[PDB]
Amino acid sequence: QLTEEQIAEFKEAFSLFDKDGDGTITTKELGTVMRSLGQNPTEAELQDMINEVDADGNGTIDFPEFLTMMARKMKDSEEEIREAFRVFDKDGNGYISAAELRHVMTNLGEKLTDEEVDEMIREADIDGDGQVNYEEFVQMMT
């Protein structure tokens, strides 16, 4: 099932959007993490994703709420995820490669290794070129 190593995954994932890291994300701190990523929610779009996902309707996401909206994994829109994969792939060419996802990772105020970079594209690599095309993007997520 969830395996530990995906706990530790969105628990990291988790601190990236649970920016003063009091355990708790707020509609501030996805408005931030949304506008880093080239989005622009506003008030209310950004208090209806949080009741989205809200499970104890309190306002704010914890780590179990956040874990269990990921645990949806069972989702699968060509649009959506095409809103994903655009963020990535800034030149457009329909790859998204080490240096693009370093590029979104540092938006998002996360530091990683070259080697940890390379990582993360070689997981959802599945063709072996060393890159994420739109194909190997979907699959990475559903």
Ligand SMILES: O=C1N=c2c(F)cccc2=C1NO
Given for the second form:
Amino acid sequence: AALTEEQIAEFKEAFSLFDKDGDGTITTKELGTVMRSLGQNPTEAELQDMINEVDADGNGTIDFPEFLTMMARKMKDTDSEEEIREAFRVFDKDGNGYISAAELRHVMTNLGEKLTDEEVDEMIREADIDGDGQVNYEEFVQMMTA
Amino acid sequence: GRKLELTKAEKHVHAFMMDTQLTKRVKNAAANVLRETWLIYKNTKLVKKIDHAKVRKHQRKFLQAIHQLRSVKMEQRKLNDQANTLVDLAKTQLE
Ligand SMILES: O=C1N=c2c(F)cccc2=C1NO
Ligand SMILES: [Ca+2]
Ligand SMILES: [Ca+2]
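Structure of the form solved in complex with the ligand, given the form solved without the ligand:
And the full complex, kicking off with our chain again.
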């Protein structure tokens, strides 16, 4: 836990993502809004625990001091190679390590937020390493996380 | 910068026992695991005389307490990933 001056400054900008009304404190209500905008559905009790874990003085909200104190203890990151490969595996219909270019285009143009057909062409150009119209997604994910 | 990396999850499930409802749940369920393990063992290995109804009763209380502990542990895992979601969101300002 040793935040540089730079990280301290950019975590101030980070505070505003949570402090939705700018009053200097994060409430359970603001964390519910934030969490749901990330597509999660924490219960009231879970939101209370989020706050209470960080609220040093016990006034029910998180201020930037307590917020930054928590951040300092959680800076360590880890690579996501395997989680990403499992996301690809959701579309590996026959469980053979491969998704065809046509199926990748189908998935990417219809599910989630979607890509344009021009965007999927650039994706597939990188993903079909062998030019065989098939994507070995383990290898593709390894190249993107290399 | 961080590219595709995300906040690393803590080694083992450790957190959020400040909840005090989770902590009451762990204390009560764990003691009940201790209680029914002892009572099942006694009624199967320290009696001359296995009373199968006694054993069924404590088997039921045993699985209930074990699964309560499981339930708390999964809830702690959910809370940890919720908190790591917020840490990950804030770490995007480092980019
Ligand atoms: O418990 C938390 N509440 C947080 C928050 F608002 C922002 C960033 C991280 C947070 C936590 N980590 O454990
Ligand atoms: Ca606020
Ligand atoms: Ca506070």
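Positions refer to the first chain, counted from 1. Take the two forms, superpose them, and find the largest set of C-alpha atoms that agree within 1.5 Å; that set is the rigid core.
- Core superposition between the two forms leaves every listed residue (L112, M70, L46, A55) with a C-alpha shift below 2 angstroms except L112.
- Superposition on the rigid core between the two forms places the CA atom of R35 less than 2 Å from its counterpart.
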